[PDB]
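Given as structure tokens, the chain that follows is alone and in the form solved without this ligand.
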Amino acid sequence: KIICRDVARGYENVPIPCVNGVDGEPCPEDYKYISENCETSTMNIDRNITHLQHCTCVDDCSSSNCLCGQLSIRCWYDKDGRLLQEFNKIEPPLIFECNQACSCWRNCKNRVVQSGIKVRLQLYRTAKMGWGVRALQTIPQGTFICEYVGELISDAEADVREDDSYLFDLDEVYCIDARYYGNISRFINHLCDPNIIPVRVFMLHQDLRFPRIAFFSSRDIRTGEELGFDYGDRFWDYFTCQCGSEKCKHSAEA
């Protein structure tokens, strides 16, 4: 049987199994699973602790006076760590989580992304799109899913790389390249009917060149459902969409 118990090798809060019920391809081995972003050449990230804006809260950061919440416009997390229904899912705001400069505790309410993966996912072989990721549980709208993790590289570097299949733009542009080093998010396919959205988030640094990319569910997700986001019209403008949705706008057909 083609199967891996945990492609993350214990690095995430939960296992991420792999299965293939479709064809003869073994679990992918042509990359290195990493749970946090890496660098090869240095990006010279502004890690200066004194450049962090931070809050003075000594409660759990649930009040509207939390500076970090104000930097985000408001804290968009409800009491359970889910995005509020009012969250702009078309044009998400930048999220500034609490950090090591804040007065609050590490368990405050403004630290969802930095607390890591909580939902049960599976790497699996799709019918027509290669590998994909699907839910092994129901997941309410607004739930943090996973971060787009990979190798941070410059625009000029991305421009000369052989394989652009695993690039996520941090638009002056830097990219996250998950080709050689990446997490579960490298396997998330494009869907014309998407159920997750990427959100830019700041945690341990606030170097605006380098937002981290957090996927949140955009609606309730059912068990077994493939996870997917909108790669965008510019990406689509070699191969055509196989999402198979009645709404597909990028197939060879339509």
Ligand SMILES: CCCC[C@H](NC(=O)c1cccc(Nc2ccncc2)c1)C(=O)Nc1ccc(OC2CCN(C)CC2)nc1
Contents of the next structure:
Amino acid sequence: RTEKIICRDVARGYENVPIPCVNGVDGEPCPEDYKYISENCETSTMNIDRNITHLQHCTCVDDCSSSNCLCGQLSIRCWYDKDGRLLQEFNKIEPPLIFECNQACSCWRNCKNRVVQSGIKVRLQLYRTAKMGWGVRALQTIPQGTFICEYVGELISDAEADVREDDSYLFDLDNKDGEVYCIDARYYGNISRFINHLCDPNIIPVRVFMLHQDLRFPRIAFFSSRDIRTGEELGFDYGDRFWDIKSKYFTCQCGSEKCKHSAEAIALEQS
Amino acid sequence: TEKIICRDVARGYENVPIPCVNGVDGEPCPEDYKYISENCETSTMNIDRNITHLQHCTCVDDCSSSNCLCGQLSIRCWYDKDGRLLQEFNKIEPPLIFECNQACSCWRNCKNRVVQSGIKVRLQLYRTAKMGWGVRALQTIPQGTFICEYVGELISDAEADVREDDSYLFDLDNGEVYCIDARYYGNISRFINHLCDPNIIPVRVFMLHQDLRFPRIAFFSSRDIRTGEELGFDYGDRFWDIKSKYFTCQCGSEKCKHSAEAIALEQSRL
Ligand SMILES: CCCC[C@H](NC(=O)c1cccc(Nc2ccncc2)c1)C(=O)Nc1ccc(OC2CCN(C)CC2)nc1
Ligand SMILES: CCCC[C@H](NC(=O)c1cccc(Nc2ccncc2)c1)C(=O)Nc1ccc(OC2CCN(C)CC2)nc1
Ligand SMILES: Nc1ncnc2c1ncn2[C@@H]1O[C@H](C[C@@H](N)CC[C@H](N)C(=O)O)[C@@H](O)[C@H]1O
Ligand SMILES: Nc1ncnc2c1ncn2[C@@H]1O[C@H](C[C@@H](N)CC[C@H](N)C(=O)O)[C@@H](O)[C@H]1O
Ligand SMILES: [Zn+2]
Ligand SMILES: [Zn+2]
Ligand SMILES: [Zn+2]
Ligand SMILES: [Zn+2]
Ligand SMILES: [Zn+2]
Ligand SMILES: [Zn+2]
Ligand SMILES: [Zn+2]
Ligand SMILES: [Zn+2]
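For comparison with the form solved without this ligand, kindly provide the form deposited with this ligand bound.
Now the complete complex, all chains and molecules, led by this one.
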């Protein structure tokens, strides 16, 4: 079966690069039960704290590559190397909040501390998968620790997430301060909603702050956990809360020799 | 002797650098304000950003037809194929402009996305002979071209009352009344002086939200602008009804409305 290009950009031009769609697997058409949006949206009263005076900000007169940058020290340190990539020593299982520089900082918009706010840079592709529906894969080699894209969607409350019957696209921000908030990319979302779960993941989510510092609304950034070959499927560990829920419905089809949520794994766990 | 005292007053925040020169006196680069590319808030404004309240269009082409609902909201799309306002655009009393948004089915590069696309002409902060700092064009600018947005601090009408230095205060005007104070927070617009014979006009635009209490102020050339010309708009009589007693006008256009000698004619006739 030929692998037919079916959308030259599902992003409709809102990203820095086009995100094309292909299907060389079956006859499913281009997904369109959703609204592609590049940044988070709201559908109820949220009042994100956008007071510019509330912003912690640095006084740097360099490119903010020094350990004296206040933005960095907030982040423990700036975990970005010279090329914008997430340092190898990054506690990539217990990752701390990253505060990027903002509009209150004295530094320039091109400082070393502005990776996530600068948008997608890698060429990605939405494609049809063998046993998982749609997915996202890389069209280039991606060095470890590179920023991929942001988990974008509809900002909703922990209570609103309890009510929603379709939790296939629900990201739990998990607010330590106050109440949990969540991102539901079921009706409004970006390329991130199409990323499948891998028991051997290659991207990780990081909580990030940029143009605001309202702690109920960290933004989710995905970075490569490893070097990634061209054509290879992006996926992150959805977690064990997702799979104790969706265990009655489907099972993991990732195939990994260390797969935790395949039908065999569950049935072998019941003994 | 002209010197360059800043390579980009916006610090890379605009699509193009906005340098500052002075060949007039010893005033260094003004730094008594934070430059911001986009409006900021210093208290809770409760701007309706509910995506489901956006009026949006269903076009798939470039939104150049008359079934573009976002053009209908604006009477018509007033942008020509090159992003410029049509010659027939009501310049005295512009109509509100509703640009296409993130709820539109159209693409981000359609014909109704001028102001949201940012500064494109080359502009320069320079020291004028009499008006402190001004903003001059670095290039020929045809009529209808978007120049810049009036960016600053959103404040209420009551706040604007207790603001002592009202030399950067712009009126949106309305039920509920709000202001843009560019005094403490501003973009390059705060340096555009007043000209009795203006060559730019402000237009109220809506882009990512359609909260009618917070139009964004977009400047467009009301005529062709020659290379080196200073950008100015008509502050209006409200500004000069409180500022003229302190300082008189210096535009010097033959048809000056707030000049020194133009005050004496109305004072002598009346
Ligand atoms: C598109 C798929 C979403 C993935 C998953 N979705 C859900 O679990 C989910 C689903 C439905 C409903 C709700 N929510 C509520 C339900 C009822 N009532 C209330 C709420 C949540 C996810 O969120 N995965 C994930 C993985 C790592 C991570 O990284 C940090 C955390 C761990 N450490 C490693 C530190 C870093 N953060 C998140
Ligand atoms: C440095 C730039 C000043 C601009 C000027 N500022 C002031 O005059 C001003 C000055 C001091 C104080 C306040 N304000 C408050 C005072 C007290 N308490 C509360 C507030 C306002 C301006 O806004 N000019 C303008 C011109 C046309 C226009 O276009 C439409 C509106 C009207 N029509 C004639 C055409 C359509 N819009 C705006
Ligand atoms: N490892 C997996 N094994 C089986 N199905 C998966 C796996 N990961 C994701 N999925 C499927 O994709 C959904 C998660 C979505 N966020 C991903 C996009 C979705 N697959 C789509 O094509 O629209 C899940 O509810 C599953 O239906
Ligand atoms: N036509 C004018 N005649 C005299 N002074 C003007 C005129 N237009 C603007 N100004 C001056 O500039 C102020 C308005 C400012 N927003 C413009 C930038 C200002 N020239 C500056 O150097 O910061 C006024 O309060 C005046 O001090
Ligand atoms: Zn810094
Ligand atoms: Zn900073
Ligand atoms: Zn910085
Ligand atoms: Zn698995
Ligand atoms: Zn349209
Ligand atoms: Zn539209
Ligand atoms: Zn459009
Ligand atoms: Zn004058």
